Amino acid sequence: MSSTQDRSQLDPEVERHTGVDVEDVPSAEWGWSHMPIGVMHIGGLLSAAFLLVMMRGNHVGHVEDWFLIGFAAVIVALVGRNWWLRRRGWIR
Amino acid sequence: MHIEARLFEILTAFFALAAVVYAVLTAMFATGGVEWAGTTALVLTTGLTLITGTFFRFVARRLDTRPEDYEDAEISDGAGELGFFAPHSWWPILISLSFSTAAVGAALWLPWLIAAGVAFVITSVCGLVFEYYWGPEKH
Amino acid sequence: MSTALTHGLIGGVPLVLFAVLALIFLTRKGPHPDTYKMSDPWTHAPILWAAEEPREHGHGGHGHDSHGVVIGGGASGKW
Amino acid sequence: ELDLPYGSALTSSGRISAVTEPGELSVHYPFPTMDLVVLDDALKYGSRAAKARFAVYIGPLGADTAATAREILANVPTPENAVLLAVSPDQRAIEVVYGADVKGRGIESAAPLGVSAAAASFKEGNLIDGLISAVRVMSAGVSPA
Amino acid sequence: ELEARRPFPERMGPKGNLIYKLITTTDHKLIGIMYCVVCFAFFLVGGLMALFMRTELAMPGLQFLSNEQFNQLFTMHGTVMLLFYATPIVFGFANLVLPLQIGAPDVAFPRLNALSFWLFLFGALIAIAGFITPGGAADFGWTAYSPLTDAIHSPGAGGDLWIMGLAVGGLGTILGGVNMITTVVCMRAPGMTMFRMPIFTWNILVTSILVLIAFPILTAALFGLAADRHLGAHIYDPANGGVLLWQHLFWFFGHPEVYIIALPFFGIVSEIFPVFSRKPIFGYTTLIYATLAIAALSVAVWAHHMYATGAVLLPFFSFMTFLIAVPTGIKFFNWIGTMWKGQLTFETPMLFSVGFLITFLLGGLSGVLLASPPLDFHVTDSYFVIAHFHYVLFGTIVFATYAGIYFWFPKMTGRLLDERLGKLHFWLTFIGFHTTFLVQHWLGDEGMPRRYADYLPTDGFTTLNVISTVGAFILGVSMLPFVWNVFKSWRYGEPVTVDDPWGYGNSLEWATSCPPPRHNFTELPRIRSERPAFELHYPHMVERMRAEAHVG
Amino acid sequence: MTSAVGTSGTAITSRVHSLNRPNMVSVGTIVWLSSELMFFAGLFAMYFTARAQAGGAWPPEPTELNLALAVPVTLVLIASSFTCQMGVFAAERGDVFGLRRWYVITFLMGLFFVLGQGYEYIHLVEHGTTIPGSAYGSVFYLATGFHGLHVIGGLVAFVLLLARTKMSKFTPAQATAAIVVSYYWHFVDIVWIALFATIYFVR
Amino acid sequence: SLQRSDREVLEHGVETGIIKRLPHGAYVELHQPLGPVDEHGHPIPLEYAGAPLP
Ligand code: HEA
Ligand code: HEA
Ligand SMILES: CCCCCCCC/C=C\CCCCCCCC(=O)OC[C@H](COP(=O)(O)OCCN)OC(=O)CCCCCCCCCCCCCCC
Ligand SMILES: CCCCCCCC/C=C\CCCCCCCC(=O)OC[C@H](COP(=O)(O)OCCN)OC(=O)CCCCCCCCCCCCCCC
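Protein chains in written order, with the deposited numbering: chain P, 1 to 13, 22 to 100; chain T, 1 to 139; chain U, 1 to 79; chain V, 13 to 157; chain R, 10 to 561; chain S, 1 to 203; chain E, 432 to 485.
Chain P on its own, in the form it takes in the complex:
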């Protein structure tokens, strides 16, 4: 009971018509709520590329290169799964 409902009038400014929708992000119109999927996929691929090229260096062991290969592989697998699902329409 000890509270009063708030009325917030904030200036809005893209119009949010395209991108994310309030059903997915309930505060879509209250601030930045959408990162394009393309930038996320490109960043994941670049992270995998960095991990792979990081095998290039002044280290004699190979456990390190194996961990780098595994992490790059899992990153690329996640990116591929997301991209394939979105291409097919989030199926399987």
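Quick caveat, the hints were computed from the structure, so don't treat them as lab data. Backbone N, C-alpha and C define an ideal beta-carbon position, used for all residues, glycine too. Be careful, since some hints might not be right.
[To be verified] DSSO-like cross-link-like pairs, simulated, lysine-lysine; straight-line CA separation at most 30 Å:
# : chain 1 : residue 1 : chain 2 : residue 2
1 : R       : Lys-30    : R       : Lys-432
2 : U       : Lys-37    : V       : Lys-115
3 : U       : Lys-29    : R       : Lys-30
4 : U       : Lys-37    : U       : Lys-78
5 : V       : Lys-56    : V       : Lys-135
6 : V       : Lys-115   : U       : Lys-29
[Unchecked claim] Per the computed footprint, the stretches of chain V lying under chain R, defined by three or more beta-carbons under 8 Å from a beta-carbon of chain R, are:
#  : segment
7  : 17 to 28
8  : 45 to 56
9  : 63 to 77
10 : 87 to 95
Dock chains T, U, V, R, S and E with the ligands against the given chain P, drawing on the hints supplied.
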């Protein structure tokens, strides 16, 4: 609440019997007399069940038959305002993290980390305990 | 004893058995009904599917009432 | 009044507690789960832009298909802003029904488009793909309120 | 006359609907699901360690594992699979179904049970963190005997991390046991008298009593060991009774620990059998009495693991071991009677239940052979014991846990697991398990004890070790079908829109919507027997339920 | 918002109507105390097995137990137990103030017990006996110091519950919290009675 | 997820102790609405206004 108490009474009886027989058969017929490890463990698990069963028996004597203890009890008999059941709370995970910090400080002998973990544990237990009592901020 | 032989055994016998059992089981008709052929008559009971897409304002059924179907158009087709 | 033929009992409140034998399923819909999921996507987020509850009725709608389509639309939770596509493959008959809320939003023009897409798909020999195509076409036709 | 339902339910759910709940969730069902998922992840980790050990053991030489690496492997594998997969997943199943089975809205102390889950998870993480240390995890076996565990022997930080991680996990388990005893004692349906609640809740209550009896001893022993390591506290100095002190304390813990690992899944199987047999659990009162006797005797026969120490009252513990073997036989015959003369349908849950019966029977034969000190002397601390306890465990917490998952997955998901995948998974698991662990009886009978990284080519047990490796990799592949089934059936998979996806259910968790409502119930039936849901769904049967009951 | 959806006078009430049904907080704390009894059982087993293995003089020559500082601390712990019980007696009523007074004096006496135990530890270590020093020293220090950690946890519970009583209206839920804290303190003093009898009297 | 927590608080209201309904065994959280209550028990859902919710 007779059955609950009676269960622990039966467990107490068995554990007392086991402790007594182990002590008697280990004080004699053993290479070093009473083991003092199994015997004490049996005695104090008898005490465990004794504490629980004594509390349950006191409660059962003090308590009139609940529907939960009553056969032929209709569901509507148990209807009513059940007590408070702590809703969503993030203090348990913080308590766990603080205890993990203290635990690593114990394992890795880092007295500073042990002290920090103890402080975190106290703070998080305070948060958990006071979560549903912290009055509104008065400004 | 014959490192190559037993390594191949431990690597293959699991895989071979897995493939055999997958053929045995995964190649069996499932409990899901077979797809309804267009030629065959519609035997299933009437189906109505809805989106649950738009917000319903209140959740509680009470106070929703039955104002009207208020039909706003129509269309038809014969395949 | 009668519960399911076996193993379903009316509980204290309105809700019915039903059961099935261990082997069989419950939904029993005669379509692959993948195509049911695709149609669900078409109805759920393939329609959010429409902001009009989209419904599909595969059952048989006999007699005057229009009136029974109206009656079926009455079964939709929000028939006023709702677009229902009811197809009877026994009668080879499609119908589409809307309410007073979806008026002037492009629903009328998308009516023949959705019906034509469904009919083309059905004659090509696939009910579900026709349903999904009609839902997509009508949803894209209806601008949000 | 027809309802507007969706073509297919939500698969994944709207974005960001789970993370904050997992962090903050107080509901017992979601916490039980997290228990199941995390415990299965730890099972995968421990099984990977097992496959490493087995690949090394297929060869007389040290192909890729150093002696201490292999020792850390079996140590952390045993500890992960006992204290970090099984003792948590018993409480995972508890949180999952026990509040439902007694007609309760939630657990007694929901914040306490969430704390128990998190304490467990982070204790497991810190215990596993021994591997990342340069020295590695704990070298000393799961048992962690005294003089080998002091600072002088095994001075590594992995040992200390193991000690404290087991301590934290034990605190979590103690909190869970307190919570479950309080829930069963206090929270219970208006008609659910103590003697008509399901066998699973009886088993969980007795298991929690055993948890409180045992785990505090583990905490005391581990804290004493930590004091010995970090302070030179002479607690377990062999010149004191230190070695036998630790033996007695740790086994007084662990033996009740194996029985808390077993009893909950005995309860799961006791729930499985009646529903797929279409008849009541045979000798319900007999099952509860057998569970009570099992716990009572387990608390006091701890020292049959110390037959070869030459320092225990062997006749006393052998007699108690036989006395506790008898109640397990009573329970086994109750299960068989429950299966007896019913319209048996072998879906994946009861396939796993029957597999439990088959494997656990041989495990118990091995146990009764081991109970005799004269026999244990030869077969002690050997691969015969490995085969014994792997049969009993893998039967009681892998086959039984798989049965429980395949049983309550619909009641916790609203979706049915694929049955054909269940068939494939069960048969792969059965074949692989029997191939990997059957030969180990002969392997350990002929001289080859446990905890050997390698063995001489001139020695025997080489073909049998590679047979065991074929079996272990059969199990490894067998795990893939189940993981795929769960992953593709949580979000996809045959929706179940009604209670009792496994018809002819009972035990009152099938009186509520198949995805149980928050607070588990919108309606409670007339609780009048041990099978409220069976009576509700089949009212006509109620009279029969009372007519033939006494005939036996 | 008109009056309330749940007609409860406090955001938190007793987890059960204790008049007719068991109070889950009390049951849970009793169960947990019974488990901590087994923890102290492990400690006692350590001490006793060490006792069996001494050459007839269980307190080594360097160690000599000081009853002068040992009897007063056990007496003060018994007094703190009694004052905690009167604090409970106040708690069952609406008198949050009496509960606070009794629990404050109980906290002061428990703190005095802790300081006395620390002083006795300082005297003991200064006169030889020490955890790395000897088996008796180590078992004695382990047992008594784990009990001291339990006492310090009880002091933490006392202060936390007094703060909780400050921050909200005294309700049957806070009365239950006070009762369970009293149960814990009674368990602590009982295990101390046992530890003092075994360490100092029985020896 | 925090946004969804706020939205569900607005839709349903704060949470409290549990009650077993009289006729049947229904368990309900006994929420507490923050705004006007509909003719029946459930309240009109409040619209998020960018401020913290209780
Ligand atoms: C779930 C786990 C679990 C379960 C249920 C059991 C159950 C039993 N265990 Fe188990 N045991 C372990 C886990 C388990 N154990 C582990 C993990 C070890 C590790 C040791 C180590 O590494 O240190 C171990 C070790 C272990 C040993 C030590 C061997 C050695 O190290 O030398 C012994 C006996 O010596 C034993 C005996 C028993 C007995 C008699 C039972 C019985 O309770 C159950 C089986 C017996 C039955 C009798 C059931 C069948 C009954 C019938 C068919 C009825 C009719 C038959 C007759 C009347 C004979 N166990
Ligand atoms: C629950 C308990 C449990 C379970 C299930 C198992 C399962 C298995 N155990 Fe067991 N084991 C013990 C408990 C258990 N064990 C104990 C307590 C000891 C004694 C410890 C000691 O003495 O210290 C022991 C000891 C032990 C030894 C003795 C080692 C030695 O002393 O030298 C061996 C040897 O092969 C072994 C093998 C196996 C195998 C092959 C399995 C198989 O059933 C395992 C199946 C494995 C899988 C299904 C993994 C496949 C999964 C993947 C490939 C995916 C991996 C992915 C990720 C990790 C992300 N175990
Ligand atoms: C599932 C896989 C399971 C695989 C399990 C296999 C583990 C076996 C590893 C070690 C066993 C003990 C041996 C210890 C000795 C090391 C072996 C060796 O001797 O090989 C030569 C170099 C040193 O040679 P050098 O003197 O420095 O000079 C050389 C001159 N040019 O080490 C190496 O190659 C290191 C190779 C070791 C294998 C890789 C292990 C890391 C794999 C990580 C996977 C994680 C994936 C992450 C996913 C996100
Ligand atoms: C787990 C803890 C770690 C492992 C378990 C330890 C349990 C111990 C419990 C209580 C004992 C405390 C009493 C302390 C006072 C006893 C007096 C004594 O022991 O003698 C002085 C010696 C020097 O002896 P000296 O070199 O020979 O020099 C002779 C000078 N002439 O100090 C010492 O080592 C004693 C210091 C011990 C400090 C322990 C701190 C405990 C707090 C831990 C917090 C919780 C962690 C959570 C983990 C999950």
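Practice item. For the pair supplied as a hint, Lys-29 of chain U and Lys-30 of chain R, confirm whether the alpha-carbon distance does not exceed 30 Å. Key: 39 Å, violated
task: Mind taking a look at whether chain R covers the segment 63 to 77 of chain V? Criterion is 3 or more residues with CB to CB distance under 8 Å.
output: The restraint on the segment 63 to 77 of chain V holds, since 3 of its residues have a Cβ under 8 Å from chain R and three suffice.
Would the hint linking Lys-56 of chain V and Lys-135 of chain V be met if the CA-CA limit is 30 Å? 26 Å, holds
Tell me whether the statement that chain R covers the segment 45 to 56 of chain V is true, taking a Cβ distance below 8 Å and needing three residues at minimum.
n = 7 at 8 Å, threshold three: holds.
Is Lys-115 of chain V within 30 Å of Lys-29 of chain U, Cα to Cα? Violated: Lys-115 of chain V and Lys-29 of chain U sit about 47 Å apart, past 30 Å.
Measure nothing beyond the straight line between the CA atoms of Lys-30 of chain R and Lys-432 of chain R; if it is 30 Å or shorter, mark the hint as holding. Given pair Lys-30 of chain R, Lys-432 of chain R is violated - Cα atoms ~34 Å apart, limit 30 Å.
Is the straight-line distance between the alpha-carbon of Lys-37 of chain U and that of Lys-115 of chain V 30 Å or less? 36 Å, violated
Per-stretch coverage check for the segment 17 to 28 of chain V, three Cβ contacts closer than 8 Å to chain R = Coverage by chain R holds for the segment 17 to 28 of chain V (7 residues, Cβ < 8 Å).
8 Å C-beta test of the segment 87 to 95 of chain V against chain R, three or more residues: holds (count 3)
Review point. Taking 30 Å as the top limit, are the C-alpha atoms of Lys-37 of chain U and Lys-78 of chain U close enough?
Key: 18 Å, holds
This entry does not satisfy hints 1, 2, 3, 6, going by the numbered hints stated previously.
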